[PDB]
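A single chain, nothing else alongside it, follows as structure tokens in the form deposited in one PDB entry.
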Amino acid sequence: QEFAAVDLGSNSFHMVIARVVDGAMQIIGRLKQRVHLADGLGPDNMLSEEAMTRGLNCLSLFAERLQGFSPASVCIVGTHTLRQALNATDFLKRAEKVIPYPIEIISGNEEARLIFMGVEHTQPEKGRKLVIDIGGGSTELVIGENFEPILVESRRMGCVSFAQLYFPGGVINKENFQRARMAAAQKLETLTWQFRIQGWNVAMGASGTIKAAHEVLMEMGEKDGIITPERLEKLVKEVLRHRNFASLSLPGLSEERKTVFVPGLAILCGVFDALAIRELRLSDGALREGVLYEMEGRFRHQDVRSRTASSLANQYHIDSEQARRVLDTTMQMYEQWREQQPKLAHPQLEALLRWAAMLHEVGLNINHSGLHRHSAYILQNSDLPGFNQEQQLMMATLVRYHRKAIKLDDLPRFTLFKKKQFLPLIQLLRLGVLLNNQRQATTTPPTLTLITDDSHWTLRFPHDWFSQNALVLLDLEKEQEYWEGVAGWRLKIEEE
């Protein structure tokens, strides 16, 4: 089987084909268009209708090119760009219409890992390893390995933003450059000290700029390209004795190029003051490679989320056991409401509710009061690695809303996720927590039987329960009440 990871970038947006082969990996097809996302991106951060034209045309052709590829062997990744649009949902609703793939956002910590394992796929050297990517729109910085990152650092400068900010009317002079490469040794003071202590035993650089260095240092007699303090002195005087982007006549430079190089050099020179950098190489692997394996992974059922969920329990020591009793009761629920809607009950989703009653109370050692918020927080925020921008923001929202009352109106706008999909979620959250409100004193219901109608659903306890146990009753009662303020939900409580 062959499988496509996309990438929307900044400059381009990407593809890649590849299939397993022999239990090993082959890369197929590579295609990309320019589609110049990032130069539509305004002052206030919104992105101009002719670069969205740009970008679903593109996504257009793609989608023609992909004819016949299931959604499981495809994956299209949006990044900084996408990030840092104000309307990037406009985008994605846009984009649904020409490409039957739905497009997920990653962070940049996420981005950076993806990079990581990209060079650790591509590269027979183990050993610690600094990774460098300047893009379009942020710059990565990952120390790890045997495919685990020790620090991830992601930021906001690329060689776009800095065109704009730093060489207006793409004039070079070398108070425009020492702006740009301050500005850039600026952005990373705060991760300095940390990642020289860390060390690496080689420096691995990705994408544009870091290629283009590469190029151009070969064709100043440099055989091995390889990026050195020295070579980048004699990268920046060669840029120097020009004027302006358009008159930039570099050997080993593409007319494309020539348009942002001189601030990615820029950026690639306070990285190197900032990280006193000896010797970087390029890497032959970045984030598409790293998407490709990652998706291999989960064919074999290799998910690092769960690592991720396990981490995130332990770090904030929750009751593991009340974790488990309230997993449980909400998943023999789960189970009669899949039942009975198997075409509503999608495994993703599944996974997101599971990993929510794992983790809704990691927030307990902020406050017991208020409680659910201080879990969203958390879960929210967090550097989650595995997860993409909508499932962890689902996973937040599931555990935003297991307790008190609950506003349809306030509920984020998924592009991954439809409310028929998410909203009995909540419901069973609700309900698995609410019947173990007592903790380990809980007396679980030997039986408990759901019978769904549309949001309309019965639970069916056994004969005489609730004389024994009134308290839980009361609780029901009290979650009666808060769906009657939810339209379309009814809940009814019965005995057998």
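Positions refer to the first chain, counted from 1. Heads up, when I say rigid core I mean the largest set of C-alphas that superpose within 1.5 Å between the two forms. Compared with the form deposited in another entry:
- Rigid core superposed between the two forms, residues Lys223, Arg413, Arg300, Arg241 considered: the one with a C-alpha shift of 2 Å or more is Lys223.
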Contents of the next structure:
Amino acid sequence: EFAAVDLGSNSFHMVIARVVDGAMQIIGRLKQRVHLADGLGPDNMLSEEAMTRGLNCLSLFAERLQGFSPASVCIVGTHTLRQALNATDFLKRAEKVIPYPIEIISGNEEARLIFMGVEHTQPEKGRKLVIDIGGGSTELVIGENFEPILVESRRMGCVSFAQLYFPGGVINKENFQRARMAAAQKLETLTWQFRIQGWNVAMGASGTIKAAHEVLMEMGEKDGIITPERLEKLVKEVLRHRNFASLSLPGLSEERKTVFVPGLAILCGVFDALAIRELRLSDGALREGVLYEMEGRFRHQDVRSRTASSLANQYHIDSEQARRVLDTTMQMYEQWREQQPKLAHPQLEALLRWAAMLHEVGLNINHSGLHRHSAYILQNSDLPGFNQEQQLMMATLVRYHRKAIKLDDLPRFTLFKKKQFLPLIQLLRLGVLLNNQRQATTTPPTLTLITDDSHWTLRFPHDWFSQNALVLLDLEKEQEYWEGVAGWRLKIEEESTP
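Let's see the other form, the form deposited in another entry, since the form deposited in one PDB entry is already up.
Shown next is a single chain and nothing more.
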């Protein structure tokens, strides 16, 4: 029994499901019109009223989810929480009304998941184009057979476009055209690329496209296909009205009336830019993509594994070295975990494992400043399957893997605590250093790690450094590096005369 929750701009959505004989099956769906993006202002601060509204919904969502284990639930946040400067404050307050962490995801991860949701709900063959127009952002993907090919997101949605192009809710040809051209403008750099890739079928998701389809059926269209001609009919109808408040289109809810016009403008902008001839509405979207992702992970299908393996190929990472560092780092990790079990968490363990595998990702840029270059790539790339904090954590572990360490600029995390991840930096630094000689590395048959808080002792075999003098110099340098970090101390020992 799983649940996927999507904290969007216009609404918060939830889906609950189970798996029977390998097949997914929906138990319940929940939706509450929260208007999170409405509370977003000039300074990009969520208002106290919108935050109160959202907290009230998460308590209701937590009520429905009473008894669900953290593993059976995924809550994601999108455009509005990506742009809110006080996102952290909302997240922290949310902690007291819903016991599952909120995971902010990037626009390109959101687009990827929407595509997966459409693909899993709409299992119709062919290369698909997937469009999703939201309250704050718009996603566009071309893919086939659950494999994305092109993935994009743009900061345009019905809420933002309402304020920018329809001040006070005013409807006219000029306001509409400006909004439509603005939408095409945002797609300028991808039109040739998307059109030359092409698609067998185009599918549209979420509220704006759904309303467009419903108004068309109300206005006499014989089938549900959205076409350039039919969109022009919708525009003509819209322009018969002077304001969003008097937008009396058959089939529109009072709520949809506040955002339908800017949404339609973006939709027209999309069709204009990509020259879509036929678009059908999909019942799948983000929450379904999330639901299928979490389920695949219970079956040990984790796209992040593929992400890490593809990064290794893209950047020509020495796999033999990656594996040496991983083995060394994790041999020490198991001991650290053994001695401080309350601080060890499987999610951070996974991130440490990928950090070890990817610490040399920036080598093809330069060995000089390698930790900074590796961190640059990991922090700024598109990493399918990673949420924002996971991505930033992995980059952070890599950022501090060698040379002088001052933790002045350490990022804050809502999902991870310093007591849990600082020791992973210590472990990775030691794991890397011990493998400096690459293929010439002599690996000790045994290596004992003894921890007393952040005062660590590494005990090597009897007389080991007599044949590994350079390693000892590297360790003595690391001891000096740890002296800069308050609380950290490194001691090196060797087993005594037998």
